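Consider the single chain below, provided in C-alpha cells and representing the form deposited without 2-(3,4-dihydroxyphenyl)acetic acid.
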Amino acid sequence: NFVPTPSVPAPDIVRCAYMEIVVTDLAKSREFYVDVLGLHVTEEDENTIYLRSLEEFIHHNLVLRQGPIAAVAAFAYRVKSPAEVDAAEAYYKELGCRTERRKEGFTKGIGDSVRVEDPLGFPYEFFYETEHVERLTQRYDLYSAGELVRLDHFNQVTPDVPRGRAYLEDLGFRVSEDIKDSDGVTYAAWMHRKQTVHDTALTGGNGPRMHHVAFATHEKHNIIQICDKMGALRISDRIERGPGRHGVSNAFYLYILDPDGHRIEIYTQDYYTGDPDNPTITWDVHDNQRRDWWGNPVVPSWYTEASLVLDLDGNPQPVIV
C-alpha cells in the first residue's frame, strides 16, 4: 500500500541537519556527548544542550532535551529556501498528515519550521532559517584526537520498507544502495539528497524507531581513538559494534550507545553520489559482505534495539511489529 504521490511538489530538501533527542539525565548525557565525544557546545541551559560538530556553521546538529522517556523528538532536514517550508507544509497536508508550524521555531537557533508526523510515524522537521555560529573547521586548537567533524545521516527502522522507499523517493531522495532479494523486493535502502551515500536509510523492523544518528570523522585513526578513550574510561561496554567496514555504504564504522541506549554511529569514508545517474548498488540479501566486508561477528542488539520516536504532543509513537 503505497503512500499517494501528492499533486504539489515536494519541498526541495538540502540535507539532514540535526536530531532532537530526549534524554533522562541531562548531566550524564552531557558527560557522554561533550566530555567523552568532544562535540561542541553551541549553548546550553539546565534542561537543554545544543551541540555541533567541528565543521558545522548552522546552530546545531544535536539538541539534547531532558525528559521523562528517552526518545527522539525530531529528525530535522534543512530545505533550500523559505518558500520550501511552505512547500513542505502543503505537501504533508495533502498527504493527510498531522502538521504543526511555528514561525519562531521548535528549537533554539532555528527559525520558521514545520514539523509533521510523517506517513511512517516519524517526527520530521523542515526549516530553512538558522542562526550561523563560528564554523570550527580550522580551530585545530580545539581538535580532539577522536573529533566528530560532520553530521551525516539518520537511520530509521520501519516495518514496510518498500512503502517507506517509494514515499521517500516521491519526497526527492534517491537510492544510492539497497538490499534486495531475487524477486526484486527491497529489504533496506540508503537514500540521499546531498552528495553522499545517504541522508537517511530505511531498515526493516518493528517501528517507527530510530536506529542511529551518524557523525563522520576525518580519518580512520580518529575512530580507533574513540574506542581507545572509551576503554581507558572503562566504558567499553558502551561500544556496541565495530570497528568494521560495511559493504553497503563502504563506511569504516563504529556504533556506540549513549546513557539512555540511543545509538550513535561514528564513521569515515563515504563516496560521491551527486551525478544524476549515479549507479545504484544492489546487494543480495544473502551476501554477508553487505553487513561486514571483513566478516565481523554479528552483534544481536544491533538488530533488536532502537529508540522510540515521539509524536507532535511529545508522547511515544507505539512500535508496530
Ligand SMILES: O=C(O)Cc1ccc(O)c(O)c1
Contents of the next structure:
Number of protein chains: 4
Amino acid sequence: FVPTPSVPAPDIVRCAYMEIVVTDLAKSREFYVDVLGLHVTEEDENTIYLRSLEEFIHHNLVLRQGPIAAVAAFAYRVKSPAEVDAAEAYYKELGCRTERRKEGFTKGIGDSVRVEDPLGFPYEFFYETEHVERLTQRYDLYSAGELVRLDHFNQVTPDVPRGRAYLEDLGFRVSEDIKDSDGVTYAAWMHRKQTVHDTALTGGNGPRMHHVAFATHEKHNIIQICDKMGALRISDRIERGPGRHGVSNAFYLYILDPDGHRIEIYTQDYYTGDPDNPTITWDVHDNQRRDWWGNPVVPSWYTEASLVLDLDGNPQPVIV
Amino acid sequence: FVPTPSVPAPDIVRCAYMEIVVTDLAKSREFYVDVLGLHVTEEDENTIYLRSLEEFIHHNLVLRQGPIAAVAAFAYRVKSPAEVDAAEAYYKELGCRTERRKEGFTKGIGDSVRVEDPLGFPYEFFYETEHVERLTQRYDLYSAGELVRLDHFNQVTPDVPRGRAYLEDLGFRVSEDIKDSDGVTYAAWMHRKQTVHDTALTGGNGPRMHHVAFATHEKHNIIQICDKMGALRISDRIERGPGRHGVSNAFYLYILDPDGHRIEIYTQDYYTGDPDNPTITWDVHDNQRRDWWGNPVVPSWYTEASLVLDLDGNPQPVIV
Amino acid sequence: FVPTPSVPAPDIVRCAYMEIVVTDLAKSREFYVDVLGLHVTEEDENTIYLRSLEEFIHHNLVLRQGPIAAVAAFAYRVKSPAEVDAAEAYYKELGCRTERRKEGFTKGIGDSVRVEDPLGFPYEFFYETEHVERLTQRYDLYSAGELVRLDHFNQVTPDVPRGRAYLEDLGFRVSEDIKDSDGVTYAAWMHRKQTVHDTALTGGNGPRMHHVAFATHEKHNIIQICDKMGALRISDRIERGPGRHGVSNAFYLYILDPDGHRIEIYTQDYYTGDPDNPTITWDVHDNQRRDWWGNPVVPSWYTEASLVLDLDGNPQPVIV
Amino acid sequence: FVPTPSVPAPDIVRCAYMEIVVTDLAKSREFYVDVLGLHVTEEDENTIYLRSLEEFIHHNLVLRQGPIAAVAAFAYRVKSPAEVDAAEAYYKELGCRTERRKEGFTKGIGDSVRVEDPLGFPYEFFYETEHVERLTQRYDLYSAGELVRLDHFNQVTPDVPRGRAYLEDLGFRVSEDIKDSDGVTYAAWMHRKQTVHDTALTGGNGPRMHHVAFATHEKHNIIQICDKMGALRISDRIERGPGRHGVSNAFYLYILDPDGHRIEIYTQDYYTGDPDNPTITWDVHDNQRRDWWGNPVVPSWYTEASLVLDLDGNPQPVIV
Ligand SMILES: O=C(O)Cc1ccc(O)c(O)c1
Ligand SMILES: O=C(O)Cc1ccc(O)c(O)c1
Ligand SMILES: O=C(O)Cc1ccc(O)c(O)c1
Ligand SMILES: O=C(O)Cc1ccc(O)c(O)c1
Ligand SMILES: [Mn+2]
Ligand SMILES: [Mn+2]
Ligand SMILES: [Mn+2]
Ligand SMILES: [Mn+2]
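Can I have the other form now, the form deposited with 2-(3,4-dihydroxyphenyl)acetic acid bound, not the form deposited without 2-(3,4-dihydroxyphenyl)acetic acid?
Full complex below, order starting with the chain above.
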C-alpha cells in the first residue's frame, strides 16, 4: 500500500477536465464539435478548448495536437486556493514528482500543481479558472444529442486494491465495488461529488485511461447520438451499448474518437451525498453487474485503453 | 344541406399541403425554417416550398408573399390521375366554381383542380407531384424539435352540421365529435387516412382557417419547441399548450407565425383504419373534451383564425 | 410461382391477431400479463384472450394450451362480410384446403375462413368481431412499458420470391426489400395498412413464424421492458436489441416467451399510405440494413422460429 | 436581521423529510400511494411513512391524522451525531424554543432536535435513521409516473431579506434570486446539497408551507401524472403547469392533495456544487423568471399555502 501522508489530503470538489493529445486536430475537431456538439470556448492552430452545455468553468476538455495519442492530464478542482498548496505538500510527502505553475498549464486555468501519482497517472489540482457563459438555457443551441456535463474518468491499473486505498486516503468514498468471496476488490467506483463517481478503477495493464464520460438529460439523447453516427456512416465507432449498467444504474453508450480514445455518454445515476451512503457490493460472478440486460461485453472494452503521459510529455510504460 | 351529387366522390387519400400568403417573406422564412426547422425543397424571391422530415412529395407548405395574410388553398392528394377528373365533375355538379390547370397551381404539382367549395373554402385535388429525397433517416439533420409529417387542417365554419354532411358525402368518416343532448354536432374530426383526422370543423365565423398541424415523434420534441421559443424571447407567440387533448388523445401545442396564422404541433393519436372504427362522442359540457388536464382555453383560440381566398386571390367575406 | 386466380383477392384491412399454442398456460400468462402488461379480454382454463391498449376488437392474441408449442393462425381482418366469401373463393381457386365456420374459430370472432396457404401457413380472414372497451385513455392502467397495438407478423419461408409474388397478387404492397445486384429478393416488408408492414418474409427453413410485433408510444417504453426483465432476472430472455432497424427505421427489441416464441416490441416507423409510396431497396451487403448502428445479429435470430399448424392441428413439416 | 450566533452552525447535508398533518388518513393514503405511487415504508392506524424510489433513509414523508391540516416539521439531515448537538446550541443562542428527543420524534429517526425557528417554522435536525431497502433498481415496481427522490421545500414568509440573511448564516448558499433595481431580494433559492435548492423563500403571509417537491427521472414521467389524474377525474387538483421554470430551469408540475397541501413534481435542474457557483439574479419585471414559456401564473399559487405548527402542535398565527 501507498503510505498515508501526515499532511491532510487536499479538499477535492469534483473531476473538472481532461487534456488529451490527438494526432490530427482537424479530424478530432470534426468528431468532438461537428458530431458530438461540444461547445468551443476558444481555440488556436494547436489546441481546442471544449465545454459541455451546463459548464461555467473554462473547459471540460482540451484537445492538443501531438505525435502520440495519449492523455496528458486528469484534472480535479479543489475547494479553495489553499488546497492547491495542500495538494503539492501531500504528493511531495509521498515522494512523487510534482510541478507547480502559478500561471497554469492550460489556458483559462490559474495556479495549479500537476503530479505523477503513485499509480503513474498525471493528476492536476487547481482552483482558479476563468468563468464563461453558462449555456444552460440556450435552447436555441440545444442539439438532439446534447452533452450537458462532464461526469467522470475511468482508469486502468494492475493493482486495484492498492489504488483503492490510495484514493480513499485522498478522501474519495466508494459508492459501489465488485469483490469476490475472498473480499478482494476487482473494480471500484469512487466519488467526491454527489453522484456515483468522479473516477473509477478497472483492473488491467496500466497506467491507462479507459474513458472519460459526459452526461445527457434523457435517454433519447443517447439514442440520437447512435442514430446520427449511423447516418454519418461511422457506426463502426460505436463500441458498446446502448445499455443499462448494473453498477451505477446509468443508461450508457461507449464510442471511440478518431485516435481510438474512448468516450462514454451516460445518464441517470443516483444521489450519494449522505455521510453513510450504503456501498453496493457486486459479486464477480453476477452476470448483471456490468450490463443489467445481460448483453455481451465486447473484448476490446477490456483490452484497449489510452496511454497516459509523464510530466515531460512522454508516455508512461504500461505494466502488463 | 348541400345536395349529394349523382357522380361519385373523388377518392381522397390524405391532406397534403397548404398554400399560405404571408406579408413579409423573410420574416416568415425565419420562423418556419430557422425556428421550426422545416426543410426547404426550393425557393425564389416570392415563394418558399417547405416539407417535413418524412415527406417524399414536393412540399407540405407553400409560403407566398402577398398584401393580405390569408390561406390560398387546402390541398388533398387523390388516388390516381382519374380522380382529378372525378373531383372536377363532382364540384361542377354542385354548381361550384372550378379551375383546372394541367400544369398545376404550385411548383412540383401536376394536373390539379381548385374549387371554391360549398362552405367557401379554396380546396385543391391533385395526384401528380415531383418526388424528392425522403429525409427519414437523415439523423445528421434531425433537430431536437423535429416536425416529421403534415397531419391535418382545421376549418372554422358557421354551420357545422351542414359542413359535416357535406364532407361525409365526400367520403370522410367521423372518428370523434362533440354533440349536445339534442344530437346536434358542435364540432367534428374527419378522416380519409388512418389517423384521427385530415380535417376538422369548428363552429364560428367563417370561412376561416383555424390551423394546420404537424406531428413530432415524441412528446419531448414538442417541449423543446417551447424551450427554444423562450430562449429566443418569442414565447408570446405560444398561444395554447402544451397539453393533452381529450378529443383525439394527442399531446399538443399551438403557436402563432408572424402574420398570426396558427400552427399546431401534435403527437400520438391512434389508429382509425378499420371499417367500423367506433365514433367517440363527447358531450358539450364535458370539461375534459378539449384539454384532458382541465387547463383553461385561451379566448383568442376561439375567436382568431385566418382569412381564406377565393379563386381570384381575394378574401372570402366572413359570415358572422 | 403460385398462379394468379381469376377471382378478385379479398380486400384486406390489416393483421388483427395471432393464435398461439403454449405448453403451460400459467407460465405463459405470467409472461404476457404480469411481465408485458397485455390486457385480458377474457379467459378460461384452457385459453386466454389478450389485447393491446388501443385495440377495440376482441383480441390481438389468443393463448391456447396444447402439447406442442406452435402458431395455429395468422388472422387478418377484411373490409366487409362479403370479403370473407371472396377469401374462400380465392383460395379454393388456388387449390388450397379451406375451412369456413359461420360461428368463428376463436371466441369473439364471427364468420371466418381459415386456409393452409400456398406457403404452408394457416391464414384466417374475418370481418365480424365483438367490440370491447377501447383503453386508449385509461391512463390509470397505463404501465411504464405499455404495448399499444399489434403491428405485424414476420414469416420464415424457403423461397422468398415465390412468397412475395403471391402476397402482391393478394394486394399487399412492398414498402422495403433487400435485393442482390442480380435483382433477387432476399426479404420483403409488405403492407395493406398505412405503416411499413402487416407481414414480412425472411428466407430460411419454413414455414415457420419468426415473430409477432407490438408497438409502444415512445422509445423509453421499450427500454423499461428491458429494465423490468433485468429486475425479474429474466434478462436471458432478451434475444436481440434494443436497437434501430435500417429497414423500417423502427426502434426495436426482440424477446422470447416461455416456449421460445419470439415477440418484437417496436416503435416509430413511417407513413406508406400514398399510392406511389417509394419502395426502398437495400443491398444484401449493406451492413446497416438490419441494425442501423452496425450491431452484430444473433445467430439464433436467423435459425430459431416457431412451428405452424395445419388445419387439423398438426405441425407443418419444415422444409430445410 | 436575526443576530449571527457565536457558535458554529450545524453542518447540514440536505432536506430529508416533511411531517404533514392530514384530516382523513384514508383519503390521503389514496392520493399519495394509489395515485402518486410513493412507497410505504410502514404504517399504522394514525400514521403513514412514505419514501421515494431511490431513498435509503426511513422516509421522506410522514402523514399523520389530525384535526387541522398543517405541516408539523421540515426535517434536515446533518453530517454526524455531533451536529445534532451543534444545532441545539445554535438555536438556544438565538433564543429559540428547542426540544430534543434522544429517541426521535417520528419512527425510524434517532436523536433529534426540533426548533421553532426565527421565522416561525418548525425545523428538525437529525443524523441517525434506520436504513431500508433502496428501490433504485426495482424496475418491477417502477410506475409510469415514478417519483424518485425528495428535492426541496418552499416556504412563505413576510420578510424575505431577513429570512435569507438568516439561512446564509446557517450555511445555505443562494444559487438564484429575484431582485429589483434597488437590490432588494423578493425571493431566493438556497442550497446545501449540489442541486439548485434544499429550500426556497417566497414573499407572502406566513409562516406557511408553500410546497414540498419530488423529482422524476424524465419529462414524460411528469406528463403521465397529469394524464392519470385526468383519467381519474381529478384534473381539478392540477393547479399549475406543466411548464418550464425560468429560475432553476426545471420542468415542473404543481398539484394539490386532499387537504389542499401543494406538491411539486420536478425534473432536471443543474449542478451547483462548486465553491464559486455563480448566483443567477433575475429582475422582478422579467416575465420569463417564473415560467420560461410566458404562461400566466394562477392567483391561488401566490395566495394559498399550508399552516405550520409550533412545538406544542398548535398552528402558528399567520402574519398578513
Ligand atoms: O458496465 C460496466 O462495465 C460497469 C460500469 C458502470 C458505470 C460506468 O460509468 C462504467 O464506465 C462501467
Ligand atoms: O383541444 C381541443 O380544442 C380539441 C382538439 C382535438 C384535436 C385537435 O387537433 C385540435 O386541433 C383540437
Ligand atoms: O433488423 C432487421 O433484422 C430487419 C427488420 C426490420 C423491421 C422489422 O420489423 C423486423 O422484424 C426486422
Ligand atoms: O416558476 C416559479 O414560480 C419559480 C420557481 C422555480 C423553481 C421552483 O422549485 C419553484 O418551486 C418555483
Ligand atoms: Mn464510466
Ligand atoms: Mn388540430
Ligand atoms: Mn418485425
Ligand atoms: Mn419548487
